[PDB]
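A single chain, nothing else alongside it, follows as structure tokens in the form deposited without the ligand.
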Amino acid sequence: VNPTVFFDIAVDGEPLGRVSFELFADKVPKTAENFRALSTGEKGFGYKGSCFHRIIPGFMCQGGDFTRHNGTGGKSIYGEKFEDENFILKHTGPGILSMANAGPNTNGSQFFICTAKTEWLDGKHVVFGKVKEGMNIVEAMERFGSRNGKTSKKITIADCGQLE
């Protein structure tokens, strides 16, 4: 019953592969629905064509800024920001999908895929999904990152949508 969303990842325009995410709509329905709708683009905007602007190997891949492409922008389907829904789920290891924010109750569209256990984020970032297929593609993306987060090539979501 939990939706599955896919991204097709491209590196400087060249196809890399597909990642699919289970979203935990049963635990965080409002947060999961935001990501789902942004992935299908059904509201008229969303993730298709946007980039991963910050990739730190051994930490995380961050994306979702589809308005300024650098970590300053993005917006949710509910408005510019929405609240922290709950903190039931924890950052338990690689593959966790969690919301980026700028303080309490400022979720927009930016998210990060964890590539390590990041327990110090528990209770501050809302966990809402996990990689289902294609963790190996996330691992491949991670190699184009750097210590300060700058990417050596442009990593883009060439296509995205809902599978299940």
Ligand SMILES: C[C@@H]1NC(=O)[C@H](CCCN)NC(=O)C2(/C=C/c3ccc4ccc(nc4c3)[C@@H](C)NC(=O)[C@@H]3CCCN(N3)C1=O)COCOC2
Contents of the next structure:
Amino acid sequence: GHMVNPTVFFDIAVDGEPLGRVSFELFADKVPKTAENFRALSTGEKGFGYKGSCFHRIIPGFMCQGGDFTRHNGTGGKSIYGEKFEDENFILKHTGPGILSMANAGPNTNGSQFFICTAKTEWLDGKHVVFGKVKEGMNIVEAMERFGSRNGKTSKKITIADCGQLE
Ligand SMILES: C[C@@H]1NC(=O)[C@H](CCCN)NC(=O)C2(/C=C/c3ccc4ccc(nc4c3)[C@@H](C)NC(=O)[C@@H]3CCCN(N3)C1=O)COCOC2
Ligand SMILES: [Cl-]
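Could you switch over to the form deposited with the ligand bound, since the one displayed so far is the form deposited without the ligand?
Next comes the full complex, this chain leading.
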């Protein structure tokens, strides 16, 4: 039947202590290639992915960035496609808190890194691909946000202790 947009979860920890769960709707109807990458990295089904990775940069009143599961600092990451992949489209905009969007280093350089907005970031429209939104647990993202700083260094270690796909 009809494709149902996937739901994925992250169970977040702070210095190894459970914080709570954030779940996301992935807009596979609009950005299928991008949604699928994040979905598969969340389940780990290719043999690599987000489980155990950290949020390396958190700037309160802006965004939380993660997904660098290879180098843990924003210098690494890889997609499920064997290479960075293209910007699918820019249909969806950075409208406010909870938007899930791809990090990149130029046109057509999507890997695994992503960010969760904690504010409207409209200046990123048209250059970062929006592919999902927080469904439940925006309060958990707001709690994470408190451990960021102006320059984005976190004051506690913020990890994805577990992640996967929901019904
Ligand atoms: C611009 C950045 N890109 C990267 O982090 C990439 C990842 C490349 C992995 N191979 N990495 C990159 O683009 C490079 C580094 C970017 C960098 C490093 C530290 C930063 C500290 C703060 C900020 N931006 C920063 C950007 C603020 C202004 N913006 C952001 O943090 C945005 C918010 C939206 C998501 N995002 N970062 C990115 O996509 C390193 O690789 C070559 O181009 C620049
Ligand atoms: Cl990446």
